[PDB]
Amino acid sequence: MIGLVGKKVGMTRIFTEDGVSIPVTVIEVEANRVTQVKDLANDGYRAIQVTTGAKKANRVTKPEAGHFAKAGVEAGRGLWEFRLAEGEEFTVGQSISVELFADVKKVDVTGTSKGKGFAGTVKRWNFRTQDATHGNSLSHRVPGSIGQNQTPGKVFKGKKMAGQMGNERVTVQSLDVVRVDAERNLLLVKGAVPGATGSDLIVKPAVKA
Amino acid sequence: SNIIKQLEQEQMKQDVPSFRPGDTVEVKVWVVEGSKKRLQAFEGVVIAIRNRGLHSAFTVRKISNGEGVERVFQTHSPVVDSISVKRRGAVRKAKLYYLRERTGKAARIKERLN
Amino acid sequence: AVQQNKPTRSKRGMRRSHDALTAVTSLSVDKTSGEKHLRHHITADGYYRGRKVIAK
Amino acid sequence: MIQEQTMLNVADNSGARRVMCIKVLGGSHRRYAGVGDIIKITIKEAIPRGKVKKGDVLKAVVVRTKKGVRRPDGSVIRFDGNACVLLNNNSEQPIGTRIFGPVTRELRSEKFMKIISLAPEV
Amino acid sequence: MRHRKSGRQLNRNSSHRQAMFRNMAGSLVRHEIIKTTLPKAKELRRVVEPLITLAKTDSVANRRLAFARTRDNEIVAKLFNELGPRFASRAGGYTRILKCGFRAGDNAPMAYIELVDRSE
RNA sequence: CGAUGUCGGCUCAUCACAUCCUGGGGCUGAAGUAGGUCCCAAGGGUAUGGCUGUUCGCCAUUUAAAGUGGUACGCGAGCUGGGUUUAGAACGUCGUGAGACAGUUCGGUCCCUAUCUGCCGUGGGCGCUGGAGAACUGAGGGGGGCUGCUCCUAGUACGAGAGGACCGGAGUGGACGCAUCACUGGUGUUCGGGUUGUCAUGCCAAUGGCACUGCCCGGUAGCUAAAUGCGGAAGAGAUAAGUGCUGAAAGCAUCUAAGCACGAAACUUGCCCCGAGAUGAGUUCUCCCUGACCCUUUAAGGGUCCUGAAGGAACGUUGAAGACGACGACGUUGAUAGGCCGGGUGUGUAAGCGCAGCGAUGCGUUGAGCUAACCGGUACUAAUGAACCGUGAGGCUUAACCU
RNA sequence: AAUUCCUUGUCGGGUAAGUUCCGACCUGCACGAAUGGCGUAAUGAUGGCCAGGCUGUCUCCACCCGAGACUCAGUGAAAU
RNA sequence: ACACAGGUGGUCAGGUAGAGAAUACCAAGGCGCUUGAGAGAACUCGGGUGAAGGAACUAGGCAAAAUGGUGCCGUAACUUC
RNA sequence: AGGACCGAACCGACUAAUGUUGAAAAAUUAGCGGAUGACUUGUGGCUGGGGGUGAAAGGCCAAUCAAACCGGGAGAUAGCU
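So the sequences go chain by chain: Q, c, n, X and a.
Every letter in the first sequence is one number past the one before it in PDB author numbering, and letter 72, counting from 1, is 72.
Every letter in the second sequence is one number past the one before it in PDB author numbering, and letter 74, counting from 1, is 75.
Every letter in the third sequence is one number past the one before it in PDB author numbering, and letter 9, counting from 1, is 10.
Every letter in the fourth sequence is one number past the one before it in PDB author numbering, and letter 30, counting from 1, is 30.
Every letter in the fifth sequence is one number past the one before it in PDB author numbering, and letter 99, counting from 1, is 99.
Mixed in with the good hints, there may be bad ones.
[As the list claims (entries may be wrong)] In silico SDA-like links for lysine to any residue, alpha-carbon gap of 25 angstroms or less: (1) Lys5(a) <-> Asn52(c); (2) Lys67(X) <-> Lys14(c); (3) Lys23(X) <-> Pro120(X); (4) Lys44(X) <-> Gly81(X); (5) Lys6(c) <-> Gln49(Q); (6) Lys14(c) <-> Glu183(Q); (7) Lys67(X) <-> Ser91(X); (8) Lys66(X) <-> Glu44(c); (9) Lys40(a) <-> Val54(n); (10) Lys106(c) <-> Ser83(c); (11) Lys53(n) <-> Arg45(a); (12) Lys29(c) <-> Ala71(Q); (13) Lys14(c) <-> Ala54(Q); (14) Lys5(a) <-> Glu183(Q).
It is worth saying that the hints were derived from the structure and are not from the lab.
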């Protein structure tokens, strides 16, 4: 089905009754409220665009405010879009709550991971370090060789070298949802999800079997 | 983190006794052996306490019929059934890891009595 | 480690296409003294946001 | 966290006193032995008329580690010294009849049931 | 990679920073307005303002505690005798930074950091 | 030959298939288990050590397996320099001798700041035909595909017994990859404490400087891994070898010629990520701009005045974002940073004073004092009114409507 | 054997496993008696091997402190 | 060749701790090394610490770690005593 | 007493790393050897090119050594580029 947009609150644990600690991530999922519905007859695909949270009145621009004003909804902190599953139906301005996950049993959580900046190939690609002694001259963490010789005389595409690690979309699949709390607007999933605390998540039902 | 602070304190057990490192402590622990749920006892000197609310641990060191054992316990686990303080102990540090190097008469902790 | 054909003056100016300095772009006018200064900085007479400061 | 080249003590009374691990069995490029994992050992020291003599190559199961085991609540159990019980090489179930020191609840299995019938604690 | 770490390093080691802020805090207490670089001003806040709040409560232990930090006895006279009772109701915000251009010698972004009264 | 560095090790690969494993299958001198041999198959996987300079090899112990080759016997402007193969020295041997021997032995300088291509990242300009803010579809591209063991089916099928399944399902590992910091830990020269030498703050007491952070003991946040979560799939489509069904040419037979069905980790999808410079520059939603007047070599021509929108940029406070740009948050109708307040955490019961003791010291006030990056608050300080860029309804032709 | 090609000779010791090392054998390709033979206590920044301790050498790297590297201002090369 | 991390003979030689002209901190005295300001990436250099293991590294324990003082006890083979 | 032992000055230069268009045409840093002797050092002197000197390496003789440097024979000669 569709998913909901959360916010990574942090991690805790949930002691079970038989004494098994479960590492959970707390995801506050407020009222995701639908701002646009997309049909084949106008867009070629069925999908809903939701917003969540709240934004300052002076910080939302006039394009954006006109969009949310047409939808008849309060401006949120962003717009996201979920593809619909052929028998689902939503209306504009409809609110969607964490209660949707009261049946789902296992979810997939998509966020932007923590940006580690320009990372070298030992951090980035798990290259193995060369000797730390035994003669080695200024080449301890360096990548070694990068290709062959006259044949090809080029470095191939997607050679693993150093550069920006982190700060990109990653999806963690098949996380066990531990609690759905409709009162406090919370979703407790088992495990770590991507992102620092306060980062926006996207929690969908698991597509894997 | 009022969400997490509110959510953890719903799980914290209330009757955890006040102990500090240096104390001899009996900890009764639920041990499950197939169908029977036994409760066994682990008595030793507290050598370390981490206080973090729900994530509070404490390390207890025993010299069990041979060599020495350190159990770290999660204080607010339902496994950890009872904590009782046998002998109150007088030390000066907060983490007593030097006792890992001492046996017998050298690993001997004075009593606190106040 | 060193070039193998001398680069042209074309390629040289292409590399320097980004070395251009940006102008100030407009510097703001004090409330009391009415004189000009960088924004968020104090003026040459030593005012800032219409009140007298330093005074050396 | 026992790997090759690691000198372990001996928990049973098979005759060995100090052994060395020579492989961690159970997979390819497997690095570590652990809680109740089988290793192959060589005997680096023995008592003068034990069942196993110096320089024999046989199996053992690790029963205590300095690194320790983690329980499902997050609690760890570290020992002070790594120790093994020397199993028989072909068909296991170990050599010695006594077992010294404590063991852990993670040898609660079929085979090592013998090891926890002995073994004064846990 | 630095994530949530606080404190500029200022191209010095730890003992030279500690010494440098001890002197520079002494100078800001002494003269009430000094011209420094903009990063050194911004770190001087986090060194200086705790001395003022320590000075808001006069006792022998705070005089000695503000003489371990700062290491000058005139300075812990002006704190505790003048500045501590001067602020006394001001909750934080004992000092303001006023950006004031660039040096000539190395084009560094200077700034005048001053105490927040100077009503004299 | 006005120099193309040559073994081996390391780091890092990459392709072929004449396949080592895993997958499909035919024949078997294939009962089962395990095999032998041949066809198909390149998805992924494909040891650690002793000895030796060694590749190789032998050995030890693993493993599902420890493939065979190409890539200047891949890789020295990436590392090493053990071997070969400079200059010293010695042995055996050859020569009268200088010396010599891919015979042996000991010792013996490995430079380069990257212009171009390539590659990994990351921006600026312009374009996309009025400008701008967002959300998207998706052409296309990349990542990922490994596998053991245990249990059930079932000690059934098979076999005289020993032994012992196919197909199907459940669990739990190894190696690999992604994320993360709740736990267990590491670090934590920015926090607390102990302590040696010496110097200073007049002195006692208390502190501070210097000695690798003086040496240590703990330790917050962050980062982290040995820590903990997750992943590799099911399924679909078209097939390889192979197996067929109906069926003639060839009144039989025949899997093929017409027609039809199965069929594998390969192939196209399914899963994850990038992605409209996809110049074939797409879509959707929203927002803004509704003035006059001259000149001419009358053109999507030039100019003057008045206007300056949506928005952006600059500046500032900055960030679990960051080499710099970039990206994100906030700028007073404001929690963006600092301070402050409360808490937490860490250390471990400060200083002063009192009492006991001849004194070192101990005890009381006292779990005290001090507490970094943490948490919850608070406008006290700094985030200034403005200026700057961006315009004024957006070409031609044709078509369908103007209900 | 600083000497032995065949050769990692053969046996033994050490090792889980030892082309090196120690002891021995002797079929010395091609030792051998002042171009000295064989022993040899002490000595050696000498060559080879083993062991205890010790460790980031390594499994497998992680974090931190500093100096560059990166940005700004000033000066301003070089091989080719 | 330089306002060059090099070379250059003699003389004086305070305190505390120390065997000491070593070493640490200081006095007299002299200096802060003639580019600075930021930031806090990879990578390089100089260092600190490190779970479990402890030479598995490697040509080879190279490098690092470790040991380290004074007094007393005690001390093997072999030996030219 | 000692070509005695440990160890600074002093003389040296075993290992590693840096440096290698260096700070330096041979050094720096951390360890390292000798350190009353066949030692080390200052000032002066003497030995000279097929010659010196050499605890011997073909080492050293002014950053030059299987025959110094300067000047000359000299525009040596070059079937080679």
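Legend entry - Structure-inconsistent hints, enumerated in ascending order: Hint check: 2, 3, 5, 7, 10, 12, 13, 14 fail, others pass.
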